[PDB]
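Asks: Each chain is listed here by its residues.
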Amino acid sequence: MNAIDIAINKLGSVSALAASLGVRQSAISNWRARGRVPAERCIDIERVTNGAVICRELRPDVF
Amino acid sequence: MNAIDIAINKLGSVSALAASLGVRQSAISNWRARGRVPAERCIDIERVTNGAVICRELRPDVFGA
Amino acid sequence: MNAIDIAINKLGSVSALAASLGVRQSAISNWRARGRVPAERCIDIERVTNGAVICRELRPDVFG
Amino acid sequence: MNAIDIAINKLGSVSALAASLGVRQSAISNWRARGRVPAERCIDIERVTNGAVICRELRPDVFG
Amino acid sequence: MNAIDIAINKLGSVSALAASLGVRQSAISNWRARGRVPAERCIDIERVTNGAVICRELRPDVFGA
Amino acid sequence: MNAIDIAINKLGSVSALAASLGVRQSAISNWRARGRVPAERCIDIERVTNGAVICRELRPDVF
Ligand SMILES: [Cl-]
Ligand SMILES: [Cl-]
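Chains as they are written, first to last, in the working numbering: chain A, 1 to 63; chain B, 64 to 128; chain C, 129 to 192; chain D, 193 to 256; chain E, 257 to 321; chain F, 322 to 384.
Treat the hints as calculated values from the structure; they're not laboratory data. One should not assume that every hint holds.
[To be verified] Mimicking SDA-like on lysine to any residue, the simulated pairs with C-alpha atoms at most 20 Å apart in a straight line are: (1) B/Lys-73 x B/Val-86; (2) B/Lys-73 x E/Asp-261; (3) B/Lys-73 x C/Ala-146; (4) B/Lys-73 x E/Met-257.
Take these sequences, add in the hints, and give me the full structure.
Replies: Given below as structure tokens:
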């Protein structure tokens with residue numbers, strides 16, 4: 001499963017995830033479309049999802 | 064503190080660091096100019112420098128404390 | 129200490145040298161057990177060691 | 193070169209390998225003359241060689 | 257110069273050095289942390305490293321020049 | 322014979338040995354009681370005794 005989708009699963013919605021991270025919903029869409037969450041947002045997603053997804057899942061090329 | 068410079072000095076030269084990472088010297092020079100190594104190269108740098116620099120020193124905006 | 133040994137000291141560890149060459153640590157260990165590095169790795173060793181360990185020291189039979 | 197020979201190269205000498213295994217140098221020499229190491233020494237050889245010389249290479253009849 | 261690190265690198269890893277001396281890895285890590293191998297292990301280290309380090313390098317306060 | 326006792330034989334007294342080494346008489350007693358001269362004092366004892374006892378006699382586990 002895609003790591004972003006896991007994060008959406010945990011937050012319950014695109015708007016809730018976006019608000020949780022302080023980013024635009026368009027950002028989350030762009031991340032899903034490009035197949036890349038920004039490296040600098042990985043810890044924040046690991047945090048807001050309470051560990052449902054971790055950094056190495058989001059960006060194995062970085063972590 | 065300039066983590067990129069510590070890394071260059073650990074290997075001994077920009078050439079040696081570039082070689083150790085499989086990149087062009089110009090890439091290292093660019094990272095240094097902009098003060099930012101690519102996130103996906105931080106572990107590699109930590110490894111080739113034998114831990115003389117660590118990921119959090121290279122990209123504190125990416126790695127945890 | 130032989131050429132491999134000093135290449136390792138230069139990089140600081142087997143881990144660091146393996147990473148610098150794009151090989152597994154186990155490959156370095158195998159080279160040490162054989163007593164020599166593959167010819168095809170010598171150029172890269174010379175580069176990543178900042179010239180401290182040169183091709184002709186690694187493989188005199190190849191590089192003279 | 194066989195497994196014993198490369199274990200010796202890895203450690204650097206018969207002295208160094210004997211010391212690393214807690215055996216007399218004469219024991220190493222005896223193993224070489226027999227053509228194989230005792231099964232009970234294979235785990236330690238694998239360890240002290242940093243994995244370069246593994247049990248199954250030393251004693252295929254035991255370790256496969 | 258760090259004689260303990262030269263010894264670790266000669267064997268290839270802390271595990272291999274520990275094995276060669278019949279000690280726990282934690283012992284090697286402790287020696288390194290405190291910058292001092294036990295006097296009674298110096299000859300053993302000199303032997304297992306095939307002389308890549310010698311007793312006087314390990315414990316200059318114990319061995320002669 | 323005990324190596325420390327040989328050293329005392331050579332220096333002539335506990336105080337002379339202690340002074341020769343720059344240590345407390347209590348140190349020499351402790352060394353005798355514990356059955357261990359400090360490794361870092363072996364060369365000094367070999368020196369002050371002019372070779373009457375040598376390092377390998379004092380600490381065969383070290384030398
Ligand atoms: Cl032999
Ligand atoms: Cl190794």
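Asks: For which of the previously enumerated hints does the structure constitute a violation, in increasing order of number?
Replies: none
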